[PDB]
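A.B. asks: Take a look at the letters that make up each chain.
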Amino acid sequence: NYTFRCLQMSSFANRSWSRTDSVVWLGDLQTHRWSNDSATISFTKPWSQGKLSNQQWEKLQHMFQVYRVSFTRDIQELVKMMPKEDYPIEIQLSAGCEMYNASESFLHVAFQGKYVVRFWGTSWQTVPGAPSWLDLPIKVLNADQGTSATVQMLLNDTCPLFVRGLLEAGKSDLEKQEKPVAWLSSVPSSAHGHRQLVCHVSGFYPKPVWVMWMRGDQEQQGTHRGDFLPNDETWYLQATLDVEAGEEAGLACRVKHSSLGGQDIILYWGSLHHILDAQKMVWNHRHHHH
Amino acid sequence: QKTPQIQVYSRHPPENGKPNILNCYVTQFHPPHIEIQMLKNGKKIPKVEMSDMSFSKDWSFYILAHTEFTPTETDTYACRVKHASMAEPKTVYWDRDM
Amino acid sequence: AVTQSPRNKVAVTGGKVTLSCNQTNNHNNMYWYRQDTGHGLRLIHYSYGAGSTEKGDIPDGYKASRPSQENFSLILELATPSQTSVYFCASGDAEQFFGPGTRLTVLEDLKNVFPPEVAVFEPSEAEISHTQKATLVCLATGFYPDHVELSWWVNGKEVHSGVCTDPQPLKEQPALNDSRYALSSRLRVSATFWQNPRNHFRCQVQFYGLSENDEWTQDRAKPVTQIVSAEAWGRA
Amino acid sequence: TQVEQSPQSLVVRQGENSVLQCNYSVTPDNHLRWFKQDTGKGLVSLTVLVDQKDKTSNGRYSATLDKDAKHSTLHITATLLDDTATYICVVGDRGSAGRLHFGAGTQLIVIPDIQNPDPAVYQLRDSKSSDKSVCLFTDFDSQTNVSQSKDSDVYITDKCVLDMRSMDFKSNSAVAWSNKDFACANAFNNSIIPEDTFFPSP
Ligand SMILES: CCCCC/C=C/C/C=C/CCCCCCCCCC(=O)N[C@@H](COC1O[C@H](CO)[C@@H](O)[C@H](O)[C@H]1O)[C@H](O)[C@H](O)CCCCCCCCCCCCCC
Ligand SMILES: *[C@@H]1O[C@H](CO)[C@@H](O)[C@H](O)[C@H]1NC(C)=O
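Chains as they are written, first to last, in the working numbering: chain A, 65 to 354; chain B, 32 to 129; chain C, 12 to 247; chain D, 5 to 206.
Excised from the complex, chain A in its bound form:
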């Protein structure tokens, strides 16, 4: 199952100035780019068109091409309706659908960072917790059935006829396996007489990876997973362990990943390899983090 996300960010500075940029993610792979400077939607993968013909695509691109202008020009009128709301304003649209032959499509809209409006059923909707000054704007937008129609088309039927196309298209790219590379280091802990043992993992795909510090068969419970970090399209992760200075020895960073095939990267703290590498990377230590 893969969540297909259409992300649009629109910034209005004042009466005159406004810009809109958009990105498209399948799973966690960028497939489409659209710049306020650019006139046509850019492909970012050699399969981002999906199982759609040029005619099917040009018509859809045109559909959004008209939308971009229309959207900008609508908002700045909605502002004119409201002394109520003031510039500068930040519009964030989050469309898409998750594929399970079952799908759940969604269209969420966020105002100034807070999510306030969504599309539901056959119209736009305010949420629970939303402010009441967003009501008249909704009543104005729900008057247009013609738009409300064309949205439902894309949500109810078009997205999955498209997404199921992409999955089938980029099967080889989405299934690509990458070997993680790993190394160790240490930093003085925020505590007295302690040491944090960084273990680095870099360059793997897909995302799900397993890292644990070990004393043989024993999993070290103070192992702290980092947050995944992006690199191209690969993944970076680090797993820390706080140790009482003098316990460094006998430990090991173990990395399990689908691309290894039951043959894990195992890094022993204080092995000839660790000694040799940690030397290859010495430095003056200014400016280190406080």
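Please note that a few of the clues may not be correct.
Below, computed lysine-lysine pairings styled on DSS-like, alpha-carbon distance capped at 27 Å [stated by the list, open to error]:
(1) D:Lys45 to C:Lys74
(2) B:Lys33 to A:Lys178
(3) C:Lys182 to A:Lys144
(4) A:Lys344 to A:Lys320
(5) A:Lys178 to B:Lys88
(6) B:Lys33 to A:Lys148
(7) C:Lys182 to D:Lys74
(8) A:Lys144 to C:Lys122
(9) D:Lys132 to C:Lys27
(10) B:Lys121 to A:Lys344
(11) A:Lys240 to B:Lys88
(12) A:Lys178 to B:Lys121
(13) B:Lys113 to A:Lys344
(14) A:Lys148 to C:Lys66
(15) B:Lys33 to A:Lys243
(16) A:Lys203 to C:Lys233
(17) C:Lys182 to D:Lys57
(18) D:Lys71 to A:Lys123
(19) D:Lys132 to C:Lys168
(20) A:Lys178 to B:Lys71
(21) D:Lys154 to C:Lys233
(22) A:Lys271 to B:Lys71
(23) D:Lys154 to C:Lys182
(24) A:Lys344 to B:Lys74
(25) C:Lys168 to D:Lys154
(26) C:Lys74 to A:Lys148
(27) C:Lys182 to D:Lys163
(28) A:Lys123 to D:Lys74
(29) D:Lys59 to C:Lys182
(30) D:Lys57 to A:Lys123
I should point out that these hints are in silico values taken from the structure, not numbers from a laboratory.
For chain A, the structure is supplied; the task is to place chains B, C and D with the ligands on it using the hints.
C.D. replies: Below, chains B, C and D with the ligands without anything else, positioned relative to chain A:
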């Protein structure tokens, strides 16, 4: 106005004198407009390719900046971020150990 | 319905002209438009509701104001000869409903404004003796600017049947700019109707000129808004 | 111009067909209203067309639309005299409370069909001062055009039609007068006058 966090890491193990790729990963910030620099010893590193800006489930934006660099014992690498939420720019240095 | 007041207005260069507009259809969007030949209507100012004003496409020289939902006004602070047109007021909740339209003429010198001289011409016996119908001609001449509405009147009632009136006035001097105009109109009745003594005829020309709030100096009569009438009677 | 109308002026013989055109280059195009403007009055909505390819009817008016060409057409079958107006084509760019787009319109002039022409030019005299008179060119067929005066002192009006409602009678009429030696026999001397024109000695 949410304050940007900055993370600096390398693509391969750091080895002195061997060419690597430096990452600067500015996240959890709002509004989207932001100005990012990579610096080698203070002087602004010219070639900095940027990823397309995006946003996470919490609606705060994020952007990945990266440049090709050679790590040494003495040369210093830093990511300088100018954003409306901070009075002064935020300068974070590359700490190959942390 | 949408209503505009005034209906016609003659203004001086640099004068303050205001065009009030009204509707009781309980709308929220109200629009001001300008009509000029070979153009089509253009938007000047518009309002998304009470206490609101928004610049349209041609807003230079005009200020809009909305104190209530029902009413929407347009202010020309310093009136210009370049702003002589027909102005319309519309409304909507979109189905735009339009008003009757205001004729605003803006002149440089009010010393060129004249009322009309009206004269009913009587049917020729030759016409009566050849068709069994009589035609009465009315001629309202020597008037500027062109702001007239000529109506026919029988015995005290206004006739619509048998009436023809000029599409557009005739300029008395084509080799000039500030020329005065002229207008004709026709009422054709049957011969037996015209031969009746008890029958009464009256041309009625309504001319729109200076309003009594405008200062006048010249040694002739003040060219105010007035109704000038010519009259004839049936003959045995 | 964003929205164009053809022709500038269409002229029809009373009780026949009349087609008016409209071409727009407006995006997005929600709908299209046709309006009717009585000379010196507001606009009256004849019909509206929302669909991609639309057809509609109202009275004698019947309109069509094809957005695959961004084009409109207004047909009036069996035209009456009281149709002489300007018809304006108006495009709506958004289906919500959007800005309308106005064409320059089409002035429609309807000439009356005269069965029995009686080309005549009578001289009419004033009610107050017999010194002042006019010349009335009347009862002519609609083939005749009334030209202007090549002379700076002769004033001639363009033709104008009247319907006598009880009589079901319709007639053309033009008027001439001169400040200056000016005969009604030789007033409309710059127009094409019929052969069988009636010129009564005064
Ligand atoms: C599937 C592959 C995806 C790849 C492409 C990715 C692009 C990135 C963008 C992602 C965002 C997608 C959102 C698109 C919304 C789809 C709307 C399409 C309809 C449209 O553009 N309709 C236009 C065109 O107008 C018309 O012309 C139309 C003729 O097609 C007719 O349907 C209509 O009758 C007529 O009105 C309308 O102007 C419409 O009103 C635009 C507004 C869209 C609403 C956005 C929601 C904003 C939330 C506001 C609440 C916040 C309050 C604060 C102010
Ligand atoms: C964004 O796009 C619009 C239309 O393409 C353009 O007019 C505007 O200048 C752009 N905004 C910028 C460059 O800030």
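A.B. asks: Holds or violated: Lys182 (chain C) with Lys144 (chain A), Cα cutoff 27 Å?
C.D. replies: Violated: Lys182 (chain C) and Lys144 (chain A) sit about 47 Å apart, past 27 Å.
A.B. asks: Would the pair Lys57 (chain D) and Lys123 (chain A) pass a check requiring their Cα atoms to be no farther apart than 27 Å?
C.D. replies: 18 Å, holds
A.B. asks: For the pair supplied as a hint, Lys154 (chain D) and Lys182 (chain C), confirm whether the alpha-carbon distance does not exceed 27 Å.
C.D. replies: Distance ~14 Å between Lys154 (chain D) and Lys182 (chain C) Cα, so the pair holds.
A.B. asks: Could you grab the alpha-carbon distance between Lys71 (chain D) and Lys123 (chain A) and see if it respects the 27 Å cut-off?
C.D. replies: Measuring from Cα to Cα gives roughly 15 Å; hence the hint holds.
A.B. asks: Verify the proposed pairing of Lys144 (chain A) with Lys122 (chain C), using a straight-line Cα cut of 27 Å.
C.D. replies: 45 Å, violated
A.B. asks: Measure nothing beyond the straight line between the CA atoms of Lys178 (chain A) and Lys121 (chain B); if it is 27 Å or shorter, mark the hint as holding.
C.D. replies: Within the cut-off at roughly 26 Å; holds.
A.B. asks: Regarding the pair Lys168 (chain C) and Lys154 (chain D), is the alpha-carbon distance no greater than 27 Å?
C.D. replies: 40 Å, violated
A.B. asks: Just to be careful, I want the Cα atoms of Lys59 (chain D) and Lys182 (chain C) compared with a cutoff of 27 Å; is the pair within it?
C.D. replies: Status violated; Cα separation ~45 Å.
A.B. asks: Tell me if the straight-line CA distance from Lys132 (chain D) to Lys27 (chain C) falls inside 27 Å.
C.D. replies: 42 Å, violated
A.B. asks: For a C-alpha distance cap of 27 Å, please report whether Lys240 (chain A) and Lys88 (chain B) respect it.
C.D. replies: 26 Å, holds
A.B. asks: So if I understand the rule, the pair passes when the alpha-carbon distance is 27 Å or less; does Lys182 (chain C) with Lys163 (chain D) pass?
C.D. replies: Holds - the C-alpha atoms of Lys163 (chain D) and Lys182 (chain C) are around 16 Å apart, at most 27 Å.
A.B. asks: Please work out if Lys33 (chain B) and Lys243 (chain A) have their alpha carbons no farther apart than 27 Å.
C.D. replies: 36 Å, violated
Checked against the numbered hints given earlier, the structure breaks hints 3, 7, 8, 9, 10, 13, 15, 16, 17, 20, 21, 22, 25 and 29 and satisfies all the rest.
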